[PDB]
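Let the sequences and hints guide you as you build the complete structure.
The primary structure of each chain is shown beneath.
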Amino acid sequence: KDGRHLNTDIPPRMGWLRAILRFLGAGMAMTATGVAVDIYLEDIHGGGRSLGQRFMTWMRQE
Amino acid sequence: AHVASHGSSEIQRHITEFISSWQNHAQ
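Here the protein sequences line up with chains G and F, keeping their order.
Residue numbering for the first sequence follows UniProt numbering, beginning at 1202 and increasing consecutively.
So the second sequence is residues 198 to 204, 213 to 230, 245 to 246, counted in UniProt numbering.
Heads up, none of these hints are tricks.
Capping the alpha-carbon separation at 25 Å, the derived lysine to any residue pairs in SDA-like fashion look like this:
| id | chain 1 | residue 1 | chain 2 | residue 2 |
| --- | --- | --- | --- | --- |
| 1 | G | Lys-1202 | F | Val-200 |
| 2 | G | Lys-1202 | G | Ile-1221 |
| 3 | G | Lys-1202 | F | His-203 |
| 4 | G | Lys-1202 | G | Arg-1214 |
Every beta carbon over 12 Å from chain F, so not counted as near; a handful from chain G, in silico:
| id | residue |
| --- | --- |
| 5 | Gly-1204 |
| 6 | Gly-1226 |
| 7 | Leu-1242 |
| 8 | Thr-1258 |
For each label pair, taking beta carbons as the anchor points, the in silico distance ranges come out as:
| id | chain 1 | residue 1 | chain 2 | residue 2 | range |
| --- | --- | --- | --- | --- | --- |
| 9 | F | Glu-215 | G | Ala-1237 | 31 to 41 Å |
| 10 | G | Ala-1227 | F | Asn-229 | 48 to 58 Å |
| 11 | G | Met-1257 | F | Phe-223 | 21 to 31 Å |
| 12 | F | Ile-220 | G | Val-1238 | 38 to 48 Å |
Derived by calculation from the structure, the hints in this document are not laboratory data.
Think of the CB as a built atom: it goes at the ideal place given N, C-alpha and C, for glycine as much as any other residue.
Written as structure tokens, this is what we have:
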């Protein structure tokens, strides 16, 4: 909500990560009881570039 | 101390390896 935290920078390459971050966002907005709330991205600890390298390691490991 | 101890992800590795490498400058 306050702009771009510079930690959540998905590269122009590997833009498939957005479609998984949608599910990871919409998980907790449905698990929490009560009103489904508008949910905003806050932090990716290892960086957005190094986040999807873990997914690519899982894809090589199958 | 833990608040300030967490202080571009590739430039951080570049500056860490920049700092960690050097030290110096019979009759």
